Amino acid sequence: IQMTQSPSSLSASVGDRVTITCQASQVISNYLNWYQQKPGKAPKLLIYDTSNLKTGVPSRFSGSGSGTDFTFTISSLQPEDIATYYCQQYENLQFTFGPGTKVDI
Amino acid sequence: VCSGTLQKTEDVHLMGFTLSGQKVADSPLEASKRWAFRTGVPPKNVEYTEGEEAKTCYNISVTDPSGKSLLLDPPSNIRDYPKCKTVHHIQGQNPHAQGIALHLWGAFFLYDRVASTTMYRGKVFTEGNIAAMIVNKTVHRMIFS
Amino acid sequence: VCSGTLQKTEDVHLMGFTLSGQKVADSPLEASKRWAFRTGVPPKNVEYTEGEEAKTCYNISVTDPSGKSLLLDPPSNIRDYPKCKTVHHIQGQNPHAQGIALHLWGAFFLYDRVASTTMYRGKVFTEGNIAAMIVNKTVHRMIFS
Amino acid sequence: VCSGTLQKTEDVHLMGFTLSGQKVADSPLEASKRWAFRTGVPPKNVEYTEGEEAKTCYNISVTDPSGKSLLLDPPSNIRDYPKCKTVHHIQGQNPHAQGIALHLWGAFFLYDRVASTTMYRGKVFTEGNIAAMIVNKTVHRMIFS
Amino acid sequence: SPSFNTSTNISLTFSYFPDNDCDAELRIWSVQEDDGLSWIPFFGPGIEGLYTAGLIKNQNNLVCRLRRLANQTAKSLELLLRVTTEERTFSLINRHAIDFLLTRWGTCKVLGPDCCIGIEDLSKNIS
Amino acid sequence: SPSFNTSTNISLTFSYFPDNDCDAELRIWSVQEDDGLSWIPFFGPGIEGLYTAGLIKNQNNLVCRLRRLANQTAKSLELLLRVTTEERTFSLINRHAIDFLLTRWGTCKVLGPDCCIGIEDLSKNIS
Amino acid sequence: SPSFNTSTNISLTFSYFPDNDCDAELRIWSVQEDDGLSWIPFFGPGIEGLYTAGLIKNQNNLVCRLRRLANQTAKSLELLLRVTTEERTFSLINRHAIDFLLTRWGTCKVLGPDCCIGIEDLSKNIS
Ligand SMILES: *[C@@H]1O[C@H](CO)[C@@H](O[C@@H]2O[C@H](CO)[C@@H](O[C@@H]3O[C@H](CO[C@H]4O[C@H](CO)[C@@H](O)[C@H](O)[C@@H]4O)[C@@H](O)[C@H](O[C@H]4O[C@H](CO)[C@@H](O)[C@H](O)[C@@H]4O[C@H]4O[C@H](CO)[C@@H](O)[C@H](O)[C@@H]4O)[C@@H]3O)[C@H](O)[C@H]2NC(C)=O)[C@H](O)[C@H]1NC(C)=O
Ligand SMILES: *[C@@H]1O[C@H](CO)[C@@H](O[C@@H]2O[C@H](CO)[C@@H](O[C@@H]3O[C@H](CO[C@H]4O[C@H](CO)[C@@H](O)[C@H](O)[C@@H]4O)[C@@H](O)[C@H](O[C@H]4O[C@H](CO)[C@@H](O)[C@H](O)[C@@H]4O[C@H]4O[C@H](CO)[C@@H](O)[C@H](O)[C@@H]4O)[C@@H]3O)[C@H](O)[C@H]2NC(C)=O)[C@H](O)[C@H]1NC(C)=O
Ligand SMILES: *[C@@H]1O[C@H](CO)[C@@H](O[C@@H]2O[C@H](CO)[C@@H](O[C@@H]3O[C@H](CO[C@H]4O[C@H](CO)[C@@H](O)[C@H](O)[C@@H]4O)[C@@H](O)[C@H](O[C@H]4O[C@H](CO)[C@@H](O)[C@H](O)[C@@H]4O[C@H]4O[C@H](CO)[C@@H](O)[C@H](O)[C@@H]4O)[C@@H]3O)[C@H](O)[C@H]2NC(C)=O)[C@H](O)[C@H]1NC(C)=O
Ligand SMILES: *[C@@H]1O[C@H](CO)[C@@H](O[C@@H]2O[C@H](CO)[C@@H](O)[C@H](O)[C@H]2NC(C)=O)[C@H](O)[C@H]1NC(C)=O
Ligand SMILES: *[C@@H]1O[C@H](CO)[C@@H](O[C@@H]2O[C@H](CO)[C@@H](O)[C@H](O)[C@H]2NC(C)=O)[C@H](O)[C@H]1NC(C)=O
Ligand SMILES: *[C@@H]1O[C@H](CO)[C@@H](O[C@@H]2O[C@H](CO)[C@@H](O)[C@H](O)[C@H]2NC(C)=O)[C@H](O)[C@H]1NC(C)=O
Ligand SMILES: *[C@@H]1O[C@H](CO)[C@@H](O[C@@H]2O[C@H](CO)[C@@H](O)[C@H](O)[C@H]2NC(C)=O)[C@H](O)[C@H]1NC(C)=O
Ligand SMILES: *[C@@H]1O[C@H](CO)[C@@H](O[C@@H]2O[C@H](CO)[C@@H](O)[C@H](O)[C@H]2NC(C)=O)[C@H](O)[C@H]1NC(C)=O
Ligand SMILES: *[C@@H]1O[C@H](CO)[C@@H](O[C@@H]2O[C@H](CO)[C@@H](O)[C@H](O)[C@H]2NC(C)=O)[C@H](O)[C@H]1NC(C)=O
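Chains as they are written, first to last, in this note's numbering: chain A, 1 to 105; chain B, 1 to 145; chain C, 1 to 145; chain D, 1 to 145; chain E, 1 to 127; chain F, 1 to 127; chain G, 1 to 127.
Any given hint could turn out to be false.
[Said to hold, decoys possible] Derived BS3-like pairs (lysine-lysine); straight-line CA-CA distance at most 27 Å: (1) C:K137 with G:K75; (2) G:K57 with D:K8; (3) B:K55 with F:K75; (4) G:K75 with C:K8; (5) G:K124 with F:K109; (6) C:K33 with E:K75; (7) E:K75 with B:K8; (8) B:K8 with E:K109; (9) C:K23 with E:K75; (10) B:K23 with F:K75; (11) G:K75 with B:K8; (12) E:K57 with C:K85; (13) D:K8 with G:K109; (14) D:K137 with F:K109; (15) F:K57 with B:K8; (16) F:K75 with B:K83; (17) B:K85 with F:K57; (18) F:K75 with D:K137; (19) A:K102 with A:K41; (20) D:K33 with G:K75; (21) D:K85 with G:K57; (22) G:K109 with G:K124; (23) E:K124 with G:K124; (24) D:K85 with D:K23; (25) C:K137 with G:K57; (26) B:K23 with F:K57; (27) D:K23 with D:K55; (28) F:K124 with G:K109.
Since the hints were made in silico from the structure, they are not lab data.
Modelling step: build the complete structure from the supplied sequences, incorporating the hints.
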């Protein structure tokens, strides 16, 4: 129906806590994941199942949400966290990615 | 022991109470964690008389990667649950799946006047349990008017 | 209230009486006016023990203009009515027909030891109703010798 | 008459005793002489609670010379007999065969918690009969420990 | 639940009463077998010679009270079938039997109605 | 087996007792029809307008004792289903009814418990 | 209907009596479960480890009276199956239960047979 991700762009100094939102097309029925894609490279998931984080991902990354509204939060921003962040949704046998959130320092 | 009297066999009723009233997670993601597929267990059914209005209902279709639906074929007596506030339409996949879908808590997949051990294909249900109680003709008429 | 006693559960019998004994029209034209097709109603069955010898029986086959028979598939337990004086063999057509055939009077399509809400395909029946009564082993033996 | 008391409906049990305990011929050749095929008889089933450990069991497949198996299709509730000392795997042929296989002695083809009038296709069975008896919760617990 | 019995004054009686439309003759059929080899399913009857003929004479509109009973009991039977979801057959004789036991026993005072206990031989043994 | 009834002191009562997790409101649905043409299967309701709405108020955790009863009775119901081999539906109301008759009548001494016979009017008639 | 019980003088007793062909040993199997997680259908047994073993010793031709009972009861059971038209399974335990209630209660005089009412404690309370 409609999958949105806000904000579209972002600019925050180093050390700031920034949160991003993701709205799924339907009520969540499978794992919701979050990916970090630095310019040029391939995406890399940091958070899976809305809350859990992959082994090796820094502790500053966190996530929460329920239903159709979800959030992605980083506690203390660092210079190598600049990337376009996407949220993944698997509904109706379709993997759909969010518009993405470009964060700048 | 002698407390209470039963007049006719129609007065004994089986009421199905949804797990939604037990304040458990209604979300389909957490609800899908309560079911699992297992081989070697026969499916059993029990008919009941009354049931609760469900807060969330589910119409799931778990399929093989080839397309084969792993849920059982619903017998004729199985029909959609009567009253649902919201019906989640879910389409899943499970390649390793074997056997038939059962409830991990021991609850029943409530269908219209039927409680089932297995989730049937293409039929709306709700998680719940049933309870045996006696209400005579006059008392039953008062509650439903 | 205390009048009458029931010894064994075999002694309670359900006797099906044909509408022919009620002096209603036995002709298949007037009898076809007593049935109609309706969707959204489940078919129900009740088994009985004894029945009356029917004056007129019907073996009907109502089909789509394409050829599709609109009558339900008879389950295994359904069999032709035992005793019929005359069996009308009828082949009908109904393009608008939906659902399943029911009785407009509320009577039952009597089959062998079975009363049905629906008329089944390719099975002889008679219109009638059933009645609950008690006859002990000695009395039942006297009537049938 | 007043001797004995029944507390709950779960305490009445139906025990199936094999014909092997009656010291009849267990050999499949002599056992095949106890069955025959007949048309015009409906198959009936009765569920029981307990059964004996069988000395010899049979998995027979009687087929037409064309290849058509003459044994009935087993319903879902029919399953192999639980405990068998030896299971004879037999493949037979009968061109003249009509109807369905019945027992000439009047015994039952014992399946898991089911006694049948007919031998079903591809399902292990044993010849036996069932008996109605009452054992209360405490007595039943003692025998099976 | 009514009951039919030999007349106590082959005449029969029916306990039920309702407070030219009926047919006088009443031919019936039943499957009950008289109590060597007929009980075995392979032997005995098949589907043809399975039914036994019977005849009930109309004595004080006996058949008409039977026929008017089925015309009336079907109106409740249809409602009793709406609740059960099973499309297959549904045993009614077991339900009438337990309804008979519950209407007679399902706490009752030894004296007065609603409690069928025989004390006529108890009142003489006490004296 | 418990029973729900109008309060004897529209308030209702439940005989069962167990010795914020529950939901207060309890909307229910039933198929029972009030006692002209509605009983005929062709007429009356279909599958849409077949269920009647009801509501039970929580009076002294009434709904919570009902909800905690179904949470507990299912543990025995699952074991009662393991023995029966029929995959189709299985009537439980008939079994509870005969269990009710057997627990009340299924030899009992007129005096004391385990025998619900009313002699309070018999003790006055003897004097 | 007979009943098997612990001996009142692990020896058992059977109430039935009929007035070297039998097998002495009698191994049996049952599905009854002893009364945490086993009752849930997903957990506990499947179709393999579902049956529990048992053994009944022949004490005063105990097993032989059991075996000769099934040899005889089948002759009536076959006739009881001819009337019911349902090809599927047919519950016999429910029918034996209601037959037990009807043979004990289904009008009876407090004195004499055919009425199992205990007055031995009533005769002492009146004096
Ligand atoms: C009547 O109503 C009550 C209450 O509404 C309801 O009770 C519920 O029962 C179910 C079980 O039937 C409970 O589910 C269990 O929950 C516990 C606790 O979960 C908490 O703790 C874990 C770990 O700390 C947290 O991660 C979690 O977020 C919760 O906070 C779990 O421990 C259980 O999981 C184990 O058992 C499962 C059985 O299916 C396994 O599938 C699972 O893998 C777990 O196994 C464990 O052990 C294994 C070997 O030892 C190991 O391999 C595993 O990895 C794991 O360690 C289970 O999920 C539920 O919580 C109860 N609800 C409440 C509110 O208490 C009744 O069920 C209901 N009755 C009916 C008939 O409906
Ligand atoms: C026990 O035994 C009794 C007696 O044997 C039996 O009673 C019978 O009940 C049925 C209904 O269940 C009766 O059938 C009705 O008959 C009346 C009267 O018909 C006469 O009058 C008309 C008009 O004057 C004449 O044309 C006709 O020739 C007759 O002389 C009809 O009025 C009924 O039709 C209406 O209702 C039908 C319901 O199915 C509709 O389908 C039909 O269209 C009619 O509707 C009317 O109203 C509509 C809106 O208002 C309108 O759209 C229509 O056009 C029409 O105006 C119906 O046919 C039957 O007569 C009874 N038999 C006797 C001898 O009285 C019980 O049924 C039986 N019980 C059981 C359980 O079996
Ligand atoms: C409870 O337990 C008991 C005992 O365990 C068990 O009894 C058994 O009953 C069956 C019948 O149901 C008996 O089977 C019959 O056996 C007799 C005797 O056979 C001996 O004699 C013959 C001839 O002398 C010898 O050849 C043979 O080797 C034996 O020594 C047979 O006569 C019977 O056959 C006739 O009847 C059959 C019925 O199915 C026919 O199929 C068969 O063709 C035979 O018919 C005769 O007459 C016809 C016309 O008159 C003619 O056309 C035929 O050619 C033939 O002459 C039958 O096989 C068995 O022996 C009993 N067992 C014992 C130990 O006595 C109960 O059945 C059991 N109850 C339940 C419910 O399980
Ligand atoms: C639940 O899902 C099933 C299947 O996904 C739906 O059944 C379909 O219903 C439509 C409309 O009646 C038919 O055209 C399809 O052929 C059906 N498919 C199957 C597989 O049965 C069902 O309608 C859904 N229920 C709800 C309430 O949405
Ligand atoms: C009633 O009609 C049905 C079908 O019109 C008859 O069933 C046929 O019976 C013949 C002979 O047994 C078979 O060869 C056909 O294949 C059957 N057709 C179907 C569709 O089942 C039935 O015999 C008729 N009954 C009577 C008493 O005439
Ligand atoms: C009894 O025989 C039947 C058929 O001869 C066996 O059923 C077969 O089982 C295998 C393995 O599960 C399947 O691959 C076949 O498709 C089955 N065939 C049929 C016709 O069902 C059954 O396993 C045998 N039982 C025993 C205990 O040996
Ligand atoms: C079947 O019913 C008849 C009649 O109700 C029973 O015969 C009665 O038996 C009682 C007790 O022996 C006598 O007091 C009556 O006088 C008899 N009445 C008649 C008309 O003969 C008969 O016993 C019943 N049979 C069974 C097996 O219960
Ligand atoms: C349904 O239950 C109510 C309440 O238990 C019954 O009303 C009682 O009737 C008895 C006998 O007439 C009185 O002694 C009580 O005082 C009544 N109680 C109340 C609260 O009114 C009612 O009779 C029952 N209805 C049926 C059809 O059995
Ligand atoms: C199962 O049966 C046994 C034996 O019949 C019951 O034990 C008897 O209990 C009564 C009443 O407490 C005593 O008077 C007897 O002396 C006991 N007999 C024996 C042999 O111990 C036992 O109570 C029954 N269990 C259940 C649950 O009903």
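Hints, verified against the model:
1. A distance of roughly 18 Å separates the Cα atoms of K137 of chain C and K75 of chain G; the hinted pair therefore holds under the 27 Å criterion.
2. Between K57 of chain G and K8 of chain D, the direct Cα distance comes to roughly 26 Å. Compliance with the 27 Å bound is thereby established for this hinted pair.
3. A threshold of 27 Å between alpha carbons decides the hint, and for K55 of chain B with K75 of chain F the separation of about 24 Å falls inside it, so the pair holds.
4. Restraint check for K75 of chain G and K8 of chain C: satisfied, since their Cα atoms lie roughly 18 Å apart, inside the 27 Å limit.
5. With a C-alpha separation of about 12 Å, the suggested pairing of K124 of chain G with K109 of chain F holds against the 27 Å cut-off.
6. Taking the CA atoms of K33 of chain C and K75 of chain E, the gap is near 20 Å; set against the 27 Å cutoff, the hint holds.
7. Distance restraint check for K75 of chain E and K8 of chain B: the Cα-Cα separation of roughly 18 Å lies within the 27 Å cut-off, and the hinted pair is therefore satisfied.
8. Restraint check for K8 of chain B and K109 of chain E: satisfied, since their Cα atoms lie roughly 19 Å apart, inside the 27 Å limit.
9. Between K23 of chain C and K75 of chain E the alpha-carbon distance is near 19 Å, which keeps this suggested pair within the 27 Å criterion.
10. Annotation: proposed proximity of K23 of chain B to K75 of chain F holds, straight-line Cα distance about 19 Å (limit 27 Å).
11. Taken as a hint, the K75 of chain G and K8 of chain B pair is broken in the structure, with Cα atoms around 35 Å apart against an allowance of 27 Å.
12. Straight-line distance between C-alpha atoms of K57 of chain E and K85 of chain C comes to about 20 Å, which keeps the hinted pair within the 27 Å bound.
13. For the hint linking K8 of chain D to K109 of chain G, the alpha-carbon distance of about 26 Å falls within 27 Å, and the restraint holds.
14. For the suggested pair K137 of chain D and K109 of chain F, the alpha carbons sit about 23 Å apart, so the restraint of at most 27 Å is met.
15. Distance hint between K57 of chain F and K8 of chain B is fulfilled; the C-alpha atoms sit about 26 Å from each other, no more than 27 Å.
16. As the CA atoms of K75 of chain F and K83 of chain B are separated by approximately 25 Å, the hinted pair is consistent with the 27 Å bound.
17. With a CA separation close to 20 Å, the supplied pair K85 of chain B and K57 of chain F stays within the 27 Å bound.
18. Restraint check for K75 of chain F and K137 of chain D: the C-alpha separation of about 18 Å stays at or below 27 Å, so the hint holds.
19. Restraint check for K102 of chain A and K41 of chain A: the C-alpha separation of about 15 Å stays at or below 27 Å, so the hint holds.
20. Taken as a hint, the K33 of chain D and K75 of chain G pair is honoured in the structure, with Cα atoms around 20 Å apart against an allowance of 27 Å.
21. Annotation: proposed proximity of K85 of chain D to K57 of chain G holds, straight-line Cα distance about 20 Å (limit 27 Å).
22. For the given pair, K109 of chain G sits about 20 Å from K124 of chain G by alpha-carbon distance, which is consistent with the 27 Å threshold.
23. For the proposed pair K124 of chain E and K124 of chain G, the alpha carbon gap of about 18 Å is at most 27 Å, so the pair holds.
24. Of the pairs offered as hints, the one joining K85 of chain D and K23 of chain D holds, with about 15 Å between alpha carbons and a cut-off of 27 Å not exceeded.
25. Note on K137 of chain C and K57 of chain G: the hinted pairing is violated, with a Cα-Cα distance of about 39 Å set against a maximum of 27 Å.
26. In summary, the hint linking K23 of chain B to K57 of chain F is supported, as the alpha carbons are separated by about 18 Å, within the 27 Å threshold.
27. The straight-line distance between the Cα atoms of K23 of chain D and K55 of chain D is roughly 11 Å, inside the 27 Å bound, and the hint therefore holds.
28. Among the hinted pairs, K124 of chain F with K109 of chain G is consistent with the structure: their alpha-carbon atoms are about 21 Å apart, no more than 27 Å.
In summary, the numbered hints that this structure violates are 11 and 25.
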